[PDB]
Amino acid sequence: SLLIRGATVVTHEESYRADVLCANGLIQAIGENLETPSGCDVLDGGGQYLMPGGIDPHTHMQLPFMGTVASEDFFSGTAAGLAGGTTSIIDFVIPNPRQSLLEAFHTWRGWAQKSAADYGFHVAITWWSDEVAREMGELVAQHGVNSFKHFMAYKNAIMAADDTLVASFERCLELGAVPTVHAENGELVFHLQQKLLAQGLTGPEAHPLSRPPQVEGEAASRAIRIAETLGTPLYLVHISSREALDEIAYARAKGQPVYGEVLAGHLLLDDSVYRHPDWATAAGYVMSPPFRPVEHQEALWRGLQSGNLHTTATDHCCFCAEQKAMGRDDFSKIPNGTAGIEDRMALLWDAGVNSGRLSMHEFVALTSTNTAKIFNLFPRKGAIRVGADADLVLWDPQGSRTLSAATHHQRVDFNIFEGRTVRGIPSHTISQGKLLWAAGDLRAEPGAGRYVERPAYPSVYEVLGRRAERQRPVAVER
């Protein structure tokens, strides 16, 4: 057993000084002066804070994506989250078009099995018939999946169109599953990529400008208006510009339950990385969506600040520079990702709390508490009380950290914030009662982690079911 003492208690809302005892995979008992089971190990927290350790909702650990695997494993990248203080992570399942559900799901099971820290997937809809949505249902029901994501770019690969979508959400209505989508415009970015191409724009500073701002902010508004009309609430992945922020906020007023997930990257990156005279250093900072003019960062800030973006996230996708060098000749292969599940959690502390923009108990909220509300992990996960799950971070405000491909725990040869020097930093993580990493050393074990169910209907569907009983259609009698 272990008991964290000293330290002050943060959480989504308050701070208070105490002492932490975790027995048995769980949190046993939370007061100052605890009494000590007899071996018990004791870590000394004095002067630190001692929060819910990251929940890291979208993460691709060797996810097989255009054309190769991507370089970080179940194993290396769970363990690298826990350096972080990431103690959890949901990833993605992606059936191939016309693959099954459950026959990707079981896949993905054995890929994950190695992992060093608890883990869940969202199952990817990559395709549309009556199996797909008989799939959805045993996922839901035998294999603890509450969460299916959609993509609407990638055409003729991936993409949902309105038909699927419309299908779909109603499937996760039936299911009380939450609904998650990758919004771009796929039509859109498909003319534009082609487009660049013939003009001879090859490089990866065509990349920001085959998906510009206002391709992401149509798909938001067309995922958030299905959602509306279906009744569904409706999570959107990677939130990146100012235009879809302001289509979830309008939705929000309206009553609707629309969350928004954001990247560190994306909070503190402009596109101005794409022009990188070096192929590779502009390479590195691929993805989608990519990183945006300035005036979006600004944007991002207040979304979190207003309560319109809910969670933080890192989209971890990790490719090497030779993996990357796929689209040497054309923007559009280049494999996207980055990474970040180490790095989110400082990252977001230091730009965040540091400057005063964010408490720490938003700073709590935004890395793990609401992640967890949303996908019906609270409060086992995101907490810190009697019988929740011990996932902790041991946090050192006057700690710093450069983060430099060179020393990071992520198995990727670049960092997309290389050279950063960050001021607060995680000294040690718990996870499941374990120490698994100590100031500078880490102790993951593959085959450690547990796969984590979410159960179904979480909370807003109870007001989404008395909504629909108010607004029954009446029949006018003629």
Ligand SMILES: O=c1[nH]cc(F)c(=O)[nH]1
Given for the second form:
Protein chains: 2
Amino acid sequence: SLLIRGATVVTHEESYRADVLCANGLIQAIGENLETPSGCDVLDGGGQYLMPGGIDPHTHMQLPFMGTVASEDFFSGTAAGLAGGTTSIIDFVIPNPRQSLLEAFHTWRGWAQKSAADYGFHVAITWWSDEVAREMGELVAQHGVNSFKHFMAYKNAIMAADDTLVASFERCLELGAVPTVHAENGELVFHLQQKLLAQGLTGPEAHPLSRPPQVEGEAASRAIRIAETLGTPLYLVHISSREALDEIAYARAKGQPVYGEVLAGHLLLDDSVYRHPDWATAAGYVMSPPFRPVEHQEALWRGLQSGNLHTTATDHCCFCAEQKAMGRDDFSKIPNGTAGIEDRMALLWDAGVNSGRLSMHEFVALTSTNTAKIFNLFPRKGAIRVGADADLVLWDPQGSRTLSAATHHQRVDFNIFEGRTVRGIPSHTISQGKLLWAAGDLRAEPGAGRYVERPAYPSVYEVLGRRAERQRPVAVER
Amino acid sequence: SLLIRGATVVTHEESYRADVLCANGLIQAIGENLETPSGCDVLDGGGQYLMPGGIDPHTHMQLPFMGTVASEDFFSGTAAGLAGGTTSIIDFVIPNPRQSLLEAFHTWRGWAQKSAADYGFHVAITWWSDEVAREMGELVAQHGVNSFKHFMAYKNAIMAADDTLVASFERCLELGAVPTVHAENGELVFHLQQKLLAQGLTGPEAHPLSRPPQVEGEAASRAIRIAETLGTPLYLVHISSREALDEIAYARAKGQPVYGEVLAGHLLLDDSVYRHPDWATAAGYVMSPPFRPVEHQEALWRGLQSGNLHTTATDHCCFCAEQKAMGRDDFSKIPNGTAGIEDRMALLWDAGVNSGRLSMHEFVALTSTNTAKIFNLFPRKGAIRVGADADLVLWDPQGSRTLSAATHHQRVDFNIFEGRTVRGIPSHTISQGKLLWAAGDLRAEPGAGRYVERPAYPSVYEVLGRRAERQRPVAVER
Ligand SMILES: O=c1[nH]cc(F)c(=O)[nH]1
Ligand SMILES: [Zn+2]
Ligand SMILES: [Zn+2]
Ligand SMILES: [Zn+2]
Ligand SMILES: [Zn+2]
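Can you now output the form deposited with this ligand bound? The one shown was the form solved without this ligand.
The next block holds the full complex; its first chain is the one shown before.
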């Protein structure tokens, strides 16, 4: 067992002084001056905040992508997450077009076995067939999946057109699963990539130009309105643009259950990074959606503060310099993705809590609880309560960390926040009730993490069901 | 010649007392107390308003569509327009998929020869190839077309997917042509049509349900953001929804040249019409986009008042009861379209000017001048000035008319405003300087109308060109 003594418990709504006892993977007791069970380890949390461990619902450990394999694997990535206070991930099974979802799922389960912390999967719908629909049902019923990812870009690869989006969202409704979407208009991206290449703009600076913000705003609008028409919730991953945020807010204001995810990179970086004179440095920022003109960062922060963005994630998708350099002569061939799993919580704390943009409670909601609620893992995760999983982070508000690819635990040679110093850091991370990060000592072990099943029908589906029953079409008798 | 004496001239900006002299198809003189050329006819306009004749940029005379042919042909339609104060139309060449645009154009030119008033064409892009792109160039350079229509709905027929919209909008940019779009998400419409039919909901009441307002809002967003990304203006036909209006306003607020067209029906009717107990009556309202819940009418009115809707039109697409009954057992096969060319101006005047929603100058701007400006026909049309085409309407603000299919000149057995009495009517209509409608006497003649060419590169393309210049990508020196 593990007793965290003397900390201030900080949840998504309140703070209070209490000790927290963990045992058998679970939170066993909470209260002032808890008794210490015999042989129980005690962690002194005086002067620190005890919060739910971060949940990162958007990682791509060792993803085969754009001709290569992410340099971070499921062990190194979940270990780096733990060092950063993140205690569980939701990654992505991405079947190739025409590949069985179940085949890809089992393969990814093999890849993820080595995880050091709890992990789960969204499954991407990269093609459509009656068999895909059948496999979605088996994944939900047998394999603990309750969310299905759709890529609206990546034309001629994993892109889902409207017919697949409609069919899949309908299937999601039938299964009580959450559709999630990468919202970029793939036709416009493809068109602009070729146009820029044809003009000789082959450098990383052309990457943002090939997918300007309205391309994301458009696709967000479309996913949102498909979801509205079919009667599903919708989770939009990595929102980077005012245009997309405004579409989310516009939907939420019509009473539609639309959730927005945001990455620290898109809150804090602007598209000037792509004009760095060093090719490899500029290419290190290449991900989709790309980093945006500065006005979008303020809009996204406002989205967090207004409740129109709901979760934070990292799109953790690591490629080293030699991998990025696959696109040295063609930006469209730069494997897209940045690292972030280790850094998300401290970046958001430092930028959001220290500044007074976000309360500490909002920080908790945005780093674990909302993700848990949306994907039906609350209060198993994201909650400090008896019986919840003992995934916790002890936070030193006065601690300091300097982010650097030379010192981070992420198995990648680039950090998009290289040299940034943050105040407020995870001093300790507890996963499954075990102390896996302790003031610079990482004790992550390959294979320790559990695959986490997520039950279908999060409670939003109860409300939608009542709505649908109220708005049933009714023929006029003549 | 024809001298209109003693009226108040009302333009899109001002009112003033003056006589107007027409000769040789043109406005020859304007001023108080004009002298009368010898033998020139004199029309007494005392106590009336002399405005530019209405321009209806959205008609479908004798269109072959949904298994049949509109019951209004180019003569009966343009004649009925004259009776209602509308002096010119822009209709649509709609080539079948894989059909040559030039071939369809010359066919429509043949059908339109019988027009009684000036007429022009948009050309619809119902498929794509290098030849379509080549033919578009010829239509602009040789045949006076400067606007190309795209249907985002009507899947498996004339629907254009993103790949065609991108290629075609790009071509429009190259040609200085205005892209126009019918904005409904075709996949959602198709999906819902099949779902409603599968549920046994076959009546006209299922028609609005098969394409609710967000499917228009979505398609409007998409067309708008393709136009933004490619750098074109965009004209959205028959906006019916708050959702689509809000997308236009959003785009306009980003500095994008987006124009919105609205029909009287969508300003004044709600979707309850489709639940009428009489099947033929409900079917008479079946057009796309369909009439909408009440809140959308007030939104559209505000759009006109705020400058986010720019033109009025009718989508004049006439089918009689027996043609409508082609979908007696399947609403998806009711030929879509309503009549309106004769009624637009009176409807808008009575609902907009009498009520104080719109000034008389806004009425002129919305019934002729804005359409002329957008499609590069200003000041040849939509203008009371020396040298402009003598297309005029003399308006009796105290005159009354009751709209009825039994008495209108539109060759169709249904009027969506049956029984509505309007105050403010066209007493006289002048087209090419000739009195073709006079106090109940229609004098339209087959073949009298001229085909009206529209030059490419309306001034908006000058601004866009400077903008594109300012925004051209610069490679990073490495
Ligand atoms: O930047 C990215 N976008 C989408 C992905 F799937 C990924 O791995 N990286
Ligand atoms: Zn993505
Ligand atoms: Zn991703
Ligand atoms: Zn239309
Ligand atoms: Zn039409």
